[PDB]
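Just the one chain here, the form deposited in one PDB entry, laid out as structure tokens.
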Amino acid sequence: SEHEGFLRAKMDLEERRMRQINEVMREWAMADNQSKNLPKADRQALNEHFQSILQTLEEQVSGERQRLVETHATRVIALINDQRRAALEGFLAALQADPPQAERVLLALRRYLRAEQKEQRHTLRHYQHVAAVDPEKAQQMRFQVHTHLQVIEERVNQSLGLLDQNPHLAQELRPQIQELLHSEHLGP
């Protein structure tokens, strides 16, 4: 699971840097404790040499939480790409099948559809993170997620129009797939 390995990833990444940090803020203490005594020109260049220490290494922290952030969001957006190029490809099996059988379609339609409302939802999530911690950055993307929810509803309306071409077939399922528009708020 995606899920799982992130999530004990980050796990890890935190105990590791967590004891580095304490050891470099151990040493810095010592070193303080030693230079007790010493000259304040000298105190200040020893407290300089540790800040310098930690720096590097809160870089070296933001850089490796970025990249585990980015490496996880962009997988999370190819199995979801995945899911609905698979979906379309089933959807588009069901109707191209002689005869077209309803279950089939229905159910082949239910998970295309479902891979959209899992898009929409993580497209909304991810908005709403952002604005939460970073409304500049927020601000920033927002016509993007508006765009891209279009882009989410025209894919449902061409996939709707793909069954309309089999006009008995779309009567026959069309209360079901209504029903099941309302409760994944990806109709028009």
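Numbering follows the first chain given and starts at 1. The term rigid core refers to the most C-alpha atoms you can superpose between the two forms while keeping them within 1.5 Å. What changes on going to the form deposited in another entry:
Comparing the two forms between the two forms on the rigid core, the single residue of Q66, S35, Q144, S52 with a CA shift of 2 Å or greater is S35.
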Second form
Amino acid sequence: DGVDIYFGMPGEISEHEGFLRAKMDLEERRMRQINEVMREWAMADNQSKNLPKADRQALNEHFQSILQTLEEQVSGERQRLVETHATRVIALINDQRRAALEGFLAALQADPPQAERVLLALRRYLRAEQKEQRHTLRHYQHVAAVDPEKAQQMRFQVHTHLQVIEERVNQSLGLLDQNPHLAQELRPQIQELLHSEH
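Same protein, different state: after the form deposited in one PDB entry, show the form deposited in another entry.
What comes next is one chain alone, with no partners or other molecules.
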């Protein structure tokens, strides 16, 4: 129990499928609980006509309240599932960007620098940044699609994050410019990369 949670999900399971799986398990679990409550409600409701006013009242009050509690648990649970998943998606994206930066740096500091190795290490870093950019855009797009007031409030933050990504890209291309010969030789390929990743 406390042990299985330590080991977590087996490696053969991606965060994405693990997330969907968890989401479906909870969907099914809650559907059964709702059904059980609705069934109990129907049973009791069938006897309502032969009850005194006060008992009739305490009876509807009873089920409305149980459903209130269940609605709160379903909602609180989804919120927890969504946060856990969003946090992990973001961390992976950040981890991959950092790993790719390290690799690009090593290629640059090699004695001597191999154009093809530098271009590929850079490509990987740019793709890590494209992934982060798409993540930012998709998140905003999702909020706008389902919640307008929140979209408006995050507008500037999206713009800012996109400028941070743009600056990391320029900073990386600046690292490549400390080796003129190399930069000139790779400019045409890098331009193609920057265009397609847009």
